[PDB]
Amino acid sequence: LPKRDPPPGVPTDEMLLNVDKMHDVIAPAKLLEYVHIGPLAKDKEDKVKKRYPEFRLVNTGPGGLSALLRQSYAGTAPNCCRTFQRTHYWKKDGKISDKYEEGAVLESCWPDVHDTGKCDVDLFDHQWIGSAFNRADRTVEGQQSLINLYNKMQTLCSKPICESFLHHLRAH
Amino acid sequence: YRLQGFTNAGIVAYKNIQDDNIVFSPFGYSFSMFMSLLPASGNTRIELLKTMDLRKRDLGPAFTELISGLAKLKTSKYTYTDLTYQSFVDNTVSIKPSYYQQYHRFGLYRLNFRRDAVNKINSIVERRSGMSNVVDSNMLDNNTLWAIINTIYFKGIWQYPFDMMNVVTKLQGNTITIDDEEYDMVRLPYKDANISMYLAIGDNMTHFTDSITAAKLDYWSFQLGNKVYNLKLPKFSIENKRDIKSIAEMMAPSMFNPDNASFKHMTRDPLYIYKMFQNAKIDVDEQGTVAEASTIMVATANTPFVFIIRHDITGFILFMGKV
Amino acid sequence: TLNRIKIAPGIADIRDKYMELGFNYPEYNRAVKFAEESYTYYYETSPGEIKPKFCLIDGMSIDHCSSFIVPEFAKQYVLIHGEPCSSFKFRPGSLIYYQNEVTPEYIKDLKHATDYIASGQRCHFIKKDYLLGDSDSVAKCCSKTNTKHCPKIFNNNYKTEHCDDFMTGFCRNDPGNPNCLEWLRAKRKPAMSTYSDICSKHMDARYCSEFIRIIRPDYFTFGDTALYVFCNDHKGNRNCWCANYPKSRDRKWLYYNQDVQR
Amino acid sequence: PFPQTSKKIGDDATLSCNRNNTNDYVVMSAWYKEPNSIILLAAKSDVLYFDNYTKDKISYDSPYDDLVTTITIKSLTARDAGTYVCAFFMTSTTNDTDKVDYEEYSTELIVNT
Ligand SMILES: *[C@@H]1O[C@H](CO)[C@@H](O[C@@H]2O[C@H](CO)[C@@H](O[C@@H]3O[C@H](CO[C@H]4O[C@H](CO[C@H]5O[C@H](CO)[C@@H](O)[C@H](O)[C@@H]5O)[C@@H](O)[C@H](O)[C@@H]4O)[C@@H](O)[C@H](O)[C@@H]3O)[C@H](O)[C@H]2NC(C)=O)[C@H](O)[C@H]1NC(C)=O
Ligand SMILES: *[C@@H]1O[C@H](CO[C@@H]2O[C@@H](C)[C@@H](O)[C@@H](O)[C@@H]2O)[C@@H](O)[C@H](O)[C@H]1NC(C)=O
Ligand SMILES: *[C@@H]1O[C@H](CO)[C@@H](O)[C@H](O)[C@H]1NC(C)=O
Ligand SMILES: *[C@@H]1O[C@H](CO)[C@@H](O)[C@H](O)[C@H]1NC(C)=O
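In order, the protein sequence lines correspond to chains D, G, Z and W.
Read in order, the letters of the first sequence correspond to residues 9 to 133, 146 to 179, 184 to 196 in UniProt numbering.
Read in order, the letters of the second sequence correspond to residues 16 to 178, 198 to 335, 345 to 366 in UniProt numbering.
Read in order, the letters of the third sequence correspond to residues 6 to 252, 274 to 288 in UniProt numbering.
Read in order, the letters of the fourth sequence correspond to residues 18 to 130 in UniProt numbering.
Simulated from the structure, these hints should not be mistaken for lab results.
Hints are not guaranteed to be accurate.
As the list claims (entries may be wrong) - Okay, derived cross-link-like pairs now, PhoX-like style, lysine-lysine, Cα gap no bigger than 25 Å in a straight line:
id, chain 1, residue 1, chain 2, residue 2
1, G, 204, G, 279
2, Z, 56, D, 29
3, G, 89, W, 74
4, G, 170, W, 72
5, W, 116, Z, 132
6, G, 92, W, 91
7, Z, 113, Z, 94
8, W, 24, G, 92
9, D, 38, W, 116
10, G, 30, G, 279
11, D, 11, D, 29
12, G, 315, G, 89
13, G, 30, G, 71
14, Z, 164, W, 116
15, G, 89, Z, 132
16, Z, 133, G, 92
17, W, 74, G, 87
18, Z, 94, D, 38
19, W, 91, Z, 157
20, G, 365, G, 279
21, W, 50, G, 87
22, W, 116, Z, 192
23, Z, 133, W, 74
24, Z, 56, W, 50
25, G, 87, Z, 38
26, D, 11, Z, 164
27, Z, 153, D, 29
28, G, 92, G, 225
29, G, 279, G, 269
30, W, 116, G, 71
31, W, 116, G, 89
Claimed, not checked - Heads up, incomplete: computed chain Z residues facing chain G, CB under 8 Å, no partners named:
id, residue
32, 15
33, 52
34, 103
35, 104
36, 105
Beta carbons are placed, not taken as given, at the ideal position from N, Cα and C, and that holds for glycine.
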């Protein structure tokens, strides 16, 4: 009975890739994108699934080699549309933040959300008014709500935000 | 999961040939017989499953490896492969609504057998592949209600360029002893692929062609070993056309029987087949090899050297014959 | 059980070996067609994939079959679930091919009764773009200083917004890098909003001049308001009182209206 | 009734599908164009191209996920702008049985300047 030993393996960078220290890379990701990571076992699966309710974990290859697939991408308007910079904020003991912290659930915001108009209704009750001409998304849902907001603003101003709208209404 | 016995069915179909002008095409013949399992049901379904040792749970996944093999044969442009399929169903046939979208884009084109049916078969063959006139005038009579067609085309180019043409080249060659017999099989590989053309010279071709099998041909494709050789090969052209009916009643007899035809999935009304025919071809040139074949399954219609074409790893036995 | 041991090496390929599995029972007497591996596969097996002779085994380290690929090009390859392959328990990584009268059912009864066959899937590499390292590597090649060794999706001259997040802060600390201007040409709103705050803190620098010339035509409102704020408390500027709050070389300190009428 | 996922000029026209029953085993997945074109057929990680199609125009960017098949057509063209015919040729493997299940979810993509 012959016996042979496998030759010394070359550990590629895939095997040393870590799920932690990646939260400045995992958070930037679009829909249906497979952000490759290292072997993710069940030790971290529950905490990463709560931290990422927007991702369904799927098995890619052998040895638990997986990657978090983002299927939904929703922007919670109570924070995102008012704080323009925050494209991904956390929720630590019921408080919004800007740096990554342990345990805090991670939530990002819909890309170019001002080209979508999700928070137009919330903003109704300089920043978002300038997104009027950037409405190149051409979405059927977005356009109807856009003209709804335009007509409402026109009438309510006719009868600070309204004052600025007069200045924006030059060639918008 | 295993297209193991699928190639052997075509190999056996070559075995029952008693002639001296052979371009037989095992892959073309086997493809139509195995994939005809779709409309078969009842008694006909069980008999074909017994044939190729397919357990009835294994149907399904068999189609998957076939697809992987068909794609794997295309890995370059200088040397590639092709394969198409097409069937025929008459208007008067009561097609189940399930089939008319389950496999609508595969085939099952509707037509009428009584209005220039030969031309109807003609117009679809040349679009699917490079065949020219696989049909013949006497193919159809008053009881025709069904049809089916297969196709293969080939193109290859040698590995070592050519230099009765004698070439001095480093190559793999040895001597084989089947049973008290001596042949010197010489492998002639192709370029940028993993397919080739083989050679063998001898006297008693009966002792050689009676044991040709994809299983044993691997055992002969490796005993060849690299060493300087010097071989001679001519340019020629071979041809063959024959019949398959008399060698088919042992495998699936009830498909021909109008009484035992249990085809209850495509249609409910009875339907049966009569015969089948085959037309094979091969050409030889200096740069490489050219090969071609087709198949029809319808109502009506010394010291030489042998050539064999074989893929290296998959095992799909392409056209074989003698010169 | 097994008695025959003939490895039967070939001539065509030293990898091609033929283990003659001759068991006691006459029908259990078959010579298999397997092969081993001793190469360095710097070349390609099939278009877009690599198929070595190493039949990987479940429950074993995945580092085994990454040895045989040559490095400094293996940084583009990832693994997948391969087709079910069978190995030898005495020959870890041996790959047995299906041919002859050998059948999966026959070997399945062989391995189930006596375990000389190790189940698993064949090692199977897939080519894609490069992969990414850590946060420091995000700092390095997204800043267009080492435009190698990281995915082209990051090196695509600021085309996609994945590395927007970090170099926002890097440009806030230092607008010195000209690569920041290239990222300003990427035509994105969050980048403009963040750096224009830096511009509203220090306006005399020339970096603010081409900021007006690059991204401002797309978004006039945010830049104009931020520029208006800077001169409110910083009135020492000698060009921000011309038709502005404290009431033709550079238009960086003016709205879009003033230049068109002139 | 699936909403029409629309993209822009020459970008990732990432279409998608979805099955209903998880325990049923997929035998094959194909991508057609209405009514009969078969843009490309695929199975596992191996793609069988039809007529005039290669890796330059369509790839298979879900080869290690079995829940949903997706395509990533690059360099979108007006010829590529048409109805798409998803396909999940289905079978059950609990025990021995005769059954087929053709599930289709046709989706449209529209390109414009
Ligand atoms: C089945 O048949 C195929 C052919 O159909 C066989 O593959 C051929 O193998 C031979 C011998 O190894 C090759 O011939 C030689 O290949 C060289 C051409 O370049 C090769 O290497 C490149 C390596 O590039 C690396 O880096 C680039 C980035 O710069 C990456 O993209 C790559 O992935 C690599 O990391 C490859 O890009 C390139 O495709 C080739 O592999 C060269 O030395 C010679 O000119 C010569 O052609 C041949 O090219 C292979 N392929 C083809 C299509 O012909 C295969 O072995 C067979 N399978 C078996 C026997 O099991
Ligand atoms: C070629 O030789 C054949 C030898 O007989 C065959 O092989 C032996 C070992 C036995 O298995 C026997 O039953 C086989 O038939 C002859 O039969 C054959 O006629 C020879 N060919 C010609 C053309 O004469
Ligand atoms: C198919 O999906 C429908 C819609 O949710 C559901 O009612 C039904 O149970 C599903 N069928 C299954 C799970 O077999
Ligand atoms: C299903 O039934 C078949 C016999 O019809 C049996 O072989 C198989 O093991 C069964 N499967 C399960 C999961 O019980």
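Here is how each hint holds up against the structure:
1. 204/G to 279/G: violated (45 Å)
2. 56/Z to 29/D: violated (33 Å)
3. 89/G to 74/W: Satisfied, since the Cα-Cα distance of roughly 17 Å is no more than 25 Å.
4. 170/G to 72/W: Within the cut-off at roughly 22 Å; holds.
5. 116/W to 132/Z: violated (37 Å)
6. 92/G to 91/W: holds (23 Å)
7. 113/Z to 94/Z: holds (14 Å)
8. 24/W to 92/G: Violated: residue 24/W and residue 92/G sit about 33 Å apart, past 25 Å.
9. 38/D to 116/W: violated (38 Å)
10. 30/G to 279/G: holds (14 Å)
11. 11/D to 29/D: Violated: residue 11/D and residue 29/D sit about 42 Å apart, past 25 Å.
12. 315/G to 89/G: The hint holds at about 21 Å.
13. 30/G to 71/G: Since the Cα atoms of residue 30/G and residue 71/G sit roughly 28 Å apart, the hinted pair is violated (cutoff 25 Å).
14. 164/Z to 116/W: violated (49 Å)
15. 89/G to 132/Z: Answer holds: residue 89/G to residue 132/Z is near 19 Å, not above 25 Å.
16. 133/Z to 92/G: It holds: about 23 Å lies between the C-alpha atoms, which stays within 25 Å.
17. 74/W to 87/G: Measuring from Cα to Cα gives roughly 19 Å; hence the hint holds.
18. 94/Z to 38/D: violated (44 Å)
19. 91/W to 157/Z: With Cα atoms ~16 Å apart, residue 91/W and residue 157/Z stay inside 25 Å; holds.
20. 365/G to 279/G: holds (23 Å)
21. 50/W to 87/G: holds (24 Å)
22. 116/W to 192/Z: Violated: residue 116/W and residue 192/Z sit about 54 Å apart, past 25 Å.
23. 133/Z to 74/W: Roughly 16 Å between the alpha carbons, so the hint for residue 133/Z and residue 74/W holds.
24. 56/Z to 50/W: violated (33 Å)
25. 87/G to 38/Z: holds (20 Å)
26. 11/D to 164/Z: Given pair residue 11/D, residue 164/Z is violated - Cα atoms ~53 Å apart, limit 25 Å.
27. 153/Z to 29/D: holds (22 Å)
28. 92/G to 225/G: holds (11 Å)
29. 279/G to 269/G: violated (33 Å)
30. 116/W to 71/G: It holds: about 12 Å lies between the C-alpha atoms, which stays within 25 Å.
31. 116/W to 89/G: Violated - the C-alpha atoms of residue 89/G and residue 116/W are around 32 Å apart, more than 25 Å.
32. 15: Holds: closest Cβ of chain G sits about 5 Å from residue 15/Z, inside 8 Å.
33. 52: holds (6 Å)
34. 103: This hint holds: residue 103/Z lies near chain G, its Cβ roughly 6 Å from the closest one there, short of 8 Å.
35. 104: holds (6 Å)
36. 105: holds (4 Å)
Hint compliance for this structure: hints 1, 2, 5, 8, 9, 11, 13, 14, 18, 22, 24, 26, 29, 31 are not met, and every other hint is.
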